[PDB]
Amino acid sequence: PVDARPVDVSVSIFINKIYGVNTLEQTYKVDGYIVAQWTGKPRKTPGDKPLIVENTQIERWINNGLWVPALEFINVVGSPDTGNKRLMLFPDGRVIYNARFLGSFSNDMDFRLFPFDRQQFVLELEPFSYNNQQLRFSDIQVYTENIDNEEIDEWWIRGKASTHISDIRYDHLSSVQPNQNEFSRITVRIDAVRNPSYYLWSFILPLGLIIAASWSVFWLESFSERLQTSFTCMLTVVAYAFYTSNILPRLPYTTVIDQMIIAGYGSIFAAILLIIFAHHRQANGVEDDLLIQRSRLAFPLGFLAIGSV
Amino acid sequence: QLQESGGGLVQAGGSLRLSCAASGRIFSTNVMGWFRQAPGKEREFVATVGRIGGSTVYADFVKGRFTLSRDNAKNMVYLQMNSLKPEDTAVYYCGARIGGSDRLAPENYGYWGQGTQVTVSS
Amino acid sequence: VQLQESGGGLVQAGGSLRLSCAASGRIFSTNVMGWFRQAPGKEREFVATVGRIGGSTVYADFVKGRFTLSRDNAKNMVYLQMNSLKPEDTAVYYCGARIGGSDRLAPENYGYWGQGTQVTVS
Amino acid sequence: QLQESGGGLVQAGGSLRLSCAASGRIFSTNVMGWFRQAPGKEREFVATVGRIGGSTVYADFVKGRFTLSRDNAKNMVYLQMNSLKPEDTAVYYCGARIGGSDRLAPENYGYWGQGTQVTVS
Amino acid sequence: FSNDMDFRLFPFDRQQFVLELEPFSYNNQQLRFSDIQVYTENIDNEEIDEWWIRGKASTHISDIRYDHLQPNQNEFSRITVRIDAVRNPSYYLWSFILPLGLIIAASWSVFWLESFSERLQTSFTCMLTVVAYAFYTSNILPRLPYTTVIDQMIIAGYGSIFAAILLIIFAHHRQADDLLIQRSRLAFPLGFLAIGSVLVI
Amino acid sequence: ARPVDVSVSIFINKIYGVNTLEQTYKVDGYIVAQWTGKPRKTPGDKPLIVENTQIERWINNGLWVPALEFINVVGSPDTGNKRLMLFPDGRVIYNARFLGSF
Ligand SMILES: CCCCCCCCCCCCO[C@@H]1O[C@H](CO)[C@@H](O[C@H]2O[C@H](CO)[C@@H](O)[C@H](O)[C@H]2O)[C@H](O)[C@H]1O
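Chains as they are written, first to last, in PDB author numbering: chain B, 6 to 314; chain G, 3 to 124; chain H, 2 to 123; chain I, 3 to 123; chain C, 110 to 178, 182 to 288, 293 to 317; chain A, 9 to 110.
Fair warning: there could be bad hints in the mix.
Stretch-level coverage of chain H by chain B, calculated; a stretch enters the list once three of its residues show a Cβ under 8 Å from a Cβ in chain B [as the list claims (entries may be wrong)]:
hint, stretch
1, 26-36
2, 47-58
Simulated pairs of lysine-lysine, BS3-like, Cα-Cα distance not exceeding 25 Å [what the hints assert, rightly or not]:
hint, chain 1, residue 1, chain 2, residue 2
3, A, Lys54, G, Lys65
4, G, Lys43, G, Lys87
5, B, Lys46, A, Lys49
6, H, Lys43, H, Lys87
7, B, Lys165, H, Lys76
8, C, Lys165, I, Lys76
9, B, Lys22, B, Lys54
10, H, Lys65, B, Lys54
11, G, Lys43, B, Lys165
12, B, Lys165, B, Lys46
13, H, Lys43, C, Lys165
14, B, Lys46, A, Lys34
15, H, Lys43, H, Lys76
16, I, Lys87, I, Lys65
17, A, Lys34, A, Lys22
18, B, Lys90, B, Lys46
19, B, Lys54, B, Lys165
20, I, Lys76, I, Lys43
21, A, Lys22, B, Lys34
22, B, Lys34, B, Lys22
23, B, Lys34, A, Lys34
24, I, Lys87, I, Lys43
25, H, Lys43, H, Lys65
26, B, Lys34, B, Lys165
If you anchor each label on the Cβ, the simulated ranges turn out as follows [what the hints assert, rightly or not]:
hint, chain 1, residue 1, chain 2, residue 2, range
27, B, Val73, A, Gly45, 19 to 29 Å
28, B, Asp294, C, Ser227, 50 to 60 Å
29, B, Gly98, A, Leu56, 17 to 27 Å
FYI, nobody ran anything at the bench for these hints, they're computed from the structure.
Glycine residues also receive a C-beta, built at the ideal position from the N, C-alpha and C atoms.
Sequences are here, hints too, so could you generate the full structure?
Structure representation (structure tokens):
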């Protein structure tokens with residue numbers, strides 16, 4: 006009439022790589038190993054040595070009564086690709102489960118500061134069917150790749166992997182037995198910063214030269230020259246917008262680069278207005294407001310002013 | 003701006019009902035989470051809402067003693083604490099999630115209130 | 002980047018030594034350092050270096066569990082605890098830094114070699 | 003340019019060693035293959051190297067009697083032919099594969115040699 | 110298969126394609142690799158292939174010791193194969209680098225125009241031509257988290273045309293004389309190639 | 009003989025991957041189906057959990073687990089873990105993870 010204590014499960018996760026970020030779906034691929042270790046029923050093994058049971062032989066041991074609880078990735082999108090898997094069965098009842106996995110995982114990702122964004126890649130683990138009165142996680146160890154030089158890396162890892170063990174309490178479990186609606190959850194977090202070198206030298210810098218060069222229209226001598234050249238500048242930003250889009254990640258919001266593109270449109274458009282205004286302002290026909298046309302310094306400073314905010 | 007309340011001194015095994023009042027630009031109460039910090043020790047996670055509806059995330063030391071409830075109309079959340087123990091003595095803060103993806107990480111919370119002291123004696 | 006080996010000397014069969022390699026310059030970490038050796042007439046051959054995954058270390062087939070690589074990232078150093086020496090181990094033990102590529106076992110992917118430390122077993 | 007040699011008359015059951023000298027732009031002897039053509043019949047494949055290392059492709063009539071080897075030093079290939087029979091009588095040609103996607107197709111070979119006659123009684 | 114690949118010198122990069130093999134469950138007390146042999150494809154002509162295999166396949170047999178794991185049971189036998197290859201730069205030199213050079217060089221011809229208006233306006237068409245070319249390249253060349261050799265040329269083009277725009281305006285709006297400093301038709305290509313040389317260090 | 013009443017719960021984790029031209033989208037979540045079947049014996053006459061491959065073994069022996077089809081799913085959905093909770097009184101709770109294009 007005395008209940009049995011929960012089965013403690015020690016977990017070790019080995020992360021090989023985090024890649025394949027899909028900005029729109031807020032997913033990312035993770036390749037690694039997962040190790041889970043608990044103590045079950047004592048059993049006989051050949052020569053009383055630890056026994057190794059690999060892959061499809063595991064299901065034969067399950068059919069004959071070996072207990073192997075299903076551990077689910079809470080935030081995995083779809084069924085993960087499982088490679089080799091292994092059971093090490095000890096005589097004293099210990100079981101060690103080791104498996105290779107590759108899966109797509111989901112997370113909350115904010116790319117508004119792109120290309121200077123920071124992300125938190127997480128894996129959440131939880132038993133699929135056994136609550137924390139039957140099965141609980143006792144500890145979680147995480148191991149990651151030893152980086153040599155991160156210069157060629159898309160992401161720069163910062164800090165050691167963070168981990169949590171916590172209880173998830175569900176309000177919609179049919180049966181309502183006292184303290185039978187909580188599950189043990191492992192959470193691992195990997196913090197990283199994007200390597201912005203490629204986006205700084207190939208995207209932001211040329212766009213600054215294109216926008217700056219557009220301010221040279223105010224150094225042309227005739228109104229007709231200032232107007233027709235602006236359209237070449239307008240066409241140069243459109244050309245650059247297409248070059249941007251075809252390479253930058255799709256997002257439901259504008260990034261830093263997207264706002265620079267917008268700022269170039271406004272500047273060029275504002276210059277077209279200023280050019281026309283100065284040439285027709287006086288409404289007399291000799292509209293030659295050279296003083297305002299001498300805003301070759303005031304227009305870039307007005308731009309830089311609006312951008313600071 | 004966040005403001006806690008409900009703290010107080012209690013004997014071992016007693017109860018409290020912390021309350022957090024939200025005022026300002028918070029879309030809903032799903033963002034608020036309870037934390038605590040004892041003298042010397044670092045601020046640690048206690049409870050907040052889970053990702054999927056009906057679920058709530060509790061720290062491993064809760065052990066079913068505490069419950070998180072909310073009143074989205076009044077923009078408040080309550081932490082009903084029971085079976086309190088001396089180890090639960092600390093300043094209980096109320097924070098608001100900003101971003102990232104770690105409901106349990108204090109690094110991703112801000113707008114902390116002044117806190118409320120909880121004292122359990124024998 | 003400059004590397005300087007140390008810890009060599011003479012020892013009898015079955016003895017022990019502790020080699021040290023001090024890194025000075027621009028190094029991202031000690032993960033990039035690896036021990037090599039070259040006996041007279043024999044090529045410079047790989048001995049040990051860190052593994053790709055944490056907790057793992059790559060050892061040449063002749064190590065047979067005798068040597069053990071360790072590191073003090075703070076002091077910016079790696080150590081090689083050599084035990085159960087044999088006459089065949091006599092050689093000049095250099096210290097290289099992986100200069101790229103994906104073959105930790107390949108000397109061609111290492112550089113900034115040191116002056117080397119002599120080890121002789123009788 | 004290719005030149006064959008080593009043919010001649012041999013008694014049924016005897017052996018011969020055909021040689022093909024290669025000259026010109028030929029980075030390796032892998033592209034070379036042996037063919038034969040009897041009077042009135044079509045030029046049929048005999049032997050050339052296999053795609054993967056260690057493999058060699060032989061016509062179905064060879065039945066282990068012939069062996070293609072190469073001397074990259076002299077830039078040459080040899081066809082060692084044993085257990086010859088009257089059915090093997092033909093002019094044996096040496097060709098160089100000039101692209102295509104069929105090692106066994108004469109259409110994919112150019113630079114043929116004059117050929118060397120093999121005659122078995 | 111994954112490996113550490115560095116494409117910064119693209120399209121003149123060399124890569125090491127690696128295969129790593131290890132028993133999944135048995136340490137080197139139970140299962141150890143005794144030898145490894147590798148056989149590759151017999152190549153006819155390499156001018157058609159994207160990569161050129163330089164040298165025979167290298168192999169290694171080492172031991173991997175795992176800390177996270182009785183004594184002497186934490187070590188696994190590993191095979192490593194390495195295939196060294198070099199990219200075929202032909203396609204990228206003729207269709208990408210060469211046309212980009214004619215574009216940059218062609219942009220130096222703005223100094224031979226006999227009017228400030230003509231010099232400053234044609235420069236914008238040149239700028240537009242480099243941007244139109246950056247799209248053509250990005251649409252074909254591989255995606256990376258860093259710049260390549262072609263990406264730097266493109267940046268050099270942007271810098272050349274932008275620098276020329278500043279020189280065209282300075283010459284004309286510093287005095288009232294102008295045409296004589298515009299006779300830098302030789303000085304500009306040398307300064308570009310000069311900087312273009314110190315970029316190769 | 010009356011019809012079997014099945015109580016269904018559906019948890020939706022994510023809706024993403026809209027394909028505009030094909031008018032499809034991806035949904036990740038769980039489907040829980042409860043219903044009362046025939047009484048049966050279970051270990052210790054307690055609720056029994058059966059997971060994944062062991063579910064099939066139970067069907068062969070007589071357990072009734074009806075297939076619930078997503079009418080508007082495109083191709084076979086990616087079913088992850090699935091579970092049965094079997095009660096002695098006959099109750100069955102089927103629970104399964106799914107990712108599908110709808
Ligand atoms: C002398 C002439 C100079 C011309 C200068 C022209 C400069 C133009 C700068 C364009 C800036 C665009 O910046 C734009 O900011 C708005 C308002 O914050 C953001 O707007 C968006 O986010 C905000 C939050 O910040 C939401 O509340 C809003 O509903 C949404 O539209 C856009 O996502 C961003 O694209």
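Going through the hints against the structure:
1. 26-36: holds (count 4)
2. 47-58: Check passed, 6 qualifying residues.
3. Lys54(A) / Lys65(G): At roughly 24 Å apart (the allowed maximum being 25 Å), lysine 65(G) and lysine 54(A) satisfy the hint.
4. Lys43(G) / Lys87(G): 17 Å, holds
5. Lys46(B) / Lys49(A): With a Cα-Cα distance of about 23 Å, the restraint between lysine 46(B) and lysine 49(A) holds, given a limit of 25 Å.
6. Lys43(H) / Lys87(H): 17 Å, holds
7. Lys165(B) / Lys76(H): Holds. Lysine 165(B) to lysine 76(H) sits at ~19 Å (cutoff 25 Å).
8. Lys165(C) / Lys76(I): 21 Å, holds
9. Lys22(B) / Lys54(B): Cα-Cα ~34 Å, so violated.
10. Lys65(H) / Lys54(B): The given pair, whose Cα atoms are some 23 Å apart, holds under the 25 Å limit.
11. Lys43(G) / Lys165(B): 20 Å, holds
12. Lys165(B) / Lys46(B): Given that 25 Å is the threshold and the Cα spacing comes to 36 Å, the pair is violated.
13. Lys43(H) / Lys165(C): It holds: about 21 Å lies between the C-alpha atoms, which stays within 25 Å.
14. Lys46(B) / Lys34(A): 42 Å, violated
15. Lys43(H) / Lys76(H): 33 Å, violated
16. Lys87(I) / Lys65(I): 12 Å, holds
17. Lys34(A) / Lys22(A): With Cα atoms ~8 Å apart, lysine 34(A) and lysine 22(A) stay inside 25 Å; holds.
18. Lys90(B) / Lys46(B): At roughly 21 Å apart (the allowed maximum being 25 Å), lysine 46(B) and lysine 90(B) satisfy the hint.
19. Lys54(B) / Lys165(B): 36 Å, violated
20. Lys76(I) / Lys43(I): Distance of about 33 Å is beyond 25 Å: violated.
21. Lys22(A) / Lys34(B): 17 Å, holds
22. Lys34(B) / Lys22(B): Judged against 25 Å, a Cα distance of about 8 Å means the pair holds.
23. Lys34(B) / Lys34(A): 17 Å, holds
24. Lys87(I) / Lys43(I): 17 Å, holds
25. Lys43(H) / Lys65(H): 20 Å, holds
26. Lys34(B) / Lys165(B): Holds: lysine 34(B) and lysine 165(B) sit about 19 Å apart, inside 25 Å.
27. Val73(B) / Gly45(A): 19 to 29 Å: 26 Å, holds
28. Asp294(B) / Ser227(C): 50 to 60 Å: Since the Cβ atoms of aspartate 294(B) and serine 227(C) sit about 24 Å apart, the hinted range of 50 to 60 Å is violated.
29. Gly98(B) / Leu56(A): 17 to 27 Å: With Cβ atoms ~21 Å apart, the hint holds.
Going through the hint list in order, the structure does not satisfy hints 9, 12, 14, 15, 19, 20, 28.
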